[PDB]
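Just the one chain here, laid out as structure tokens, in the form solved without the named molecule.
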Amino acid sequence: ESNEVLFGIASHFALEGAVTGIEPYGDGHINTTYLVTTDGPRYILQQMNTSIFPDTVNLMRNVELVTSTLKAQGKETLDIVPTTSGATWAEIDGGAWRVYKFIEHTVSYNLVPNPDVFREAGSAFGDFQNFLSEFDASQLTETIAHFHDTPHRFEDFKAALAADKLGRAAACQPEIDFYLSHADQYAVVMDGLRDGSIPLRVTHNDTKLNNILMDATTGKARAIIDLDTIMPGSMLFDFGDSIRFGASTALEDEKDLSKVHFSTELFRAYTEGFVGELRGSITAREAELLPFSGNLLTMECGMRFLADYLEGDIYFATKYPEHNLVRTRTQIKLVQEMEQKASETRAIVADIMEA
């Protein structure tokens, strides 16, 4: 939006410096995010996507509960900057806006540069699972229904495919047929949750690497950010999604497929950190499904990218027409390698589970 509008938005919030600039920031696909520069402190300003999160009140109640609980344990988290009237967010001209303090002295990654970073990521999310277990499910109402219900996502995909709104299906038969042919695999976690063989836990639900901030000196995790999808789920949702994004040797939207590989060394690093925090709570069935949770969350994200492509890119932010097709192709390549390397990942998990 225009600067005049954005500076106007900023005036609603209890900022502690004169605003010098407001610039688009980051590579989130969901909310619209800006960096607020002032004559002193920095801020993150976000317009919340109400298409995706229609219940702003409940979303912000969840974020408030999580952050306040963290604060009350002396743990660094997202710091909501209230409106000048003391609200946690503002509705301004049909849009929903919030502000967080900018988290200083941090670095973040779209791509793992070495195993130590990814091990730290694993430790961070594993520990966060322990933290979240202090809530009961009723405290955190789901902000999006069926969020990691892969069979439900597959129904959405099949509908998008059948409608073929833009006639884009013709150019992506191999990708479409990949998702269709994997239909027998999608229900494994949901079935286990439904019959009680997989514990229902409170989870983060979007554990991609760029949602953690590492300290610029120590390299230790400083804060987990993007708290919008904290709700009941399976541990496997958080594990699988982390492996999806972070065990790849390439960016999520890497055009050159020959650069895209699933790294078992990176898998090992994350799992060491993750399981290292959760050894006392992880069940036999959860441990058994750790490798496949990689496949599943990658296929889920991929079919979502492709469905969006087939629907004309209504859900995810895109930079060019084919962007979601480029995204779905990396996810497919990753799953193909995860399948091929299955015995190796199983062995890695078993080795970590005993030690």
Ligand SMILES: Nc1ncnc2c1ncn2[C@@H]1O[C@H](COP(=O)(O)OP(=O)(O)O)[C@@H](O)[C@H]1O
Contents of the next structure:
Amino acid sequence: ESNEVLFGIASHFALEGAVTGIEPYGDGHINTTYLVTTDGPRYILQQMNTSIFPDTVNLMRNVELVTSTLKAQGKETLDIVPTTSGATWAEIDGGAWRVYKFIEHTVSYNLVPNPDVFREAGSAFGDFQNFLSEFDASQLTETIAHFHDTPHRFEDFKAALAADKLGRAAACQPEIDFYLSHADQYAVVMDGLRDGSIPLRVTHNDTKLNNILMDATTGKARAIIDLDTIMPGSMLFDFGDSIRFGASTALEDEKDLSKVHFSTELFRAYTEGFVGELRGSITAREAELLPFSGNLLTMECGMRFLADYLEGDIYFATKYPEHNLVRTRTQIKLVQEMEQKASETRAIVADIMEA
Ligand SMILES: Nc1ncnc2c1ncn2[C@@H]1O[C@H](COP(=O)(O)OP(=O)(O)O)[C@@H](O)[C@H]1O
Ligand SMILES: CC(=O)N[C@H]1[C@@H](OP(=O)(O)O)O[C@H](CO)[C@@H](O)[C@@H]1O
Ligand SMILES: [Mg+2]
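Having gone through the form solved without the named molecule, I am curious about the other one (the form solved in complex with the named molecule); can you provide its structure?
Entire complex below, previous chain first.
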């Protein structure tokens, strides 16, 4: 957007300084995020993606509930900056906008630099699961239906495949056939939720590493951010998605596949932190499925990238024509290694569960 428009958006909100700049910020794929610099404090300005989140009112009700509950326990969270009229967000010229205080003195990662960071991530998201269990499902309505319903995601993929809108399928048969051939594996968690053998828990559902901010001095988790997909699910969704993004030795969109590997050391680090917090609640069946949840969420995210590629990149932000194809290829590479290292990851979980 133009500065004129963005500065105009900013004037709707109860900011506490003269705005000097509003610049695109971050590696989030969904909302459109800006850093607001002023003569004092910083802010994050976001245009919410209403094609993905059509029910802005319900989305903001969830964010308000989660954040206000954290605040009421003296816990740092996202601080909504209200409109100058006291609302939690603003509809302006057909767009939905919100502002958060910029969370200061923090660092974040798109790639794990060492095991300690990822262990801390595990601890933080494990703790967040405990926090979220204080809510019952009825308080947090789904912001996106079938969000980690992998069989449903596969129906979406198959439809995108069959339509082949852009004729992109011809260049990615190996990737397509990978997802088609794994179709038998996609229902394991949904089946478990449906018949009661996996508990339905309130979950974050987007636990990739760059949705948590760590303190720049202590290295401890300061705040879990990107609260848009908090809703009922399985613990396995949060665990698996974290492993997907953070147990890789490479970026999500790394072009050079030789750099992309699944790290059992990073798997162990995260699991130690995560299970460490949830040992009192984790069931036998959840523990059994922890390794495979890595596979599952990586395949789900990968199929979604490839579906988006086949549909002309309508869902995820992209920087170049092949971006989603590049992303799907890292996810496949990771799953190939997770399959190969299945016995090691089983052993790692078994080991951590006793200790
Ligand atoms: N309150 C905040 N303080 C500092 N940084 C933030 C804040 N909120 C978001 N960010 C940064 O902006 C990025 C994108 O925001 P996010 O809510 O994750 O958007 P998306 O939904 O598009 O992923 C985050 O990954 C993080 O780096
Ligand atoms: C609401 C939504 O679709 N979020 C996506 C999206 O997360 P963001 O933090 O919003 O960029 O990109 C992820 C892949 O990087 C994917 O796993 C996730 O489900
Ligand atoms: Mg995000």
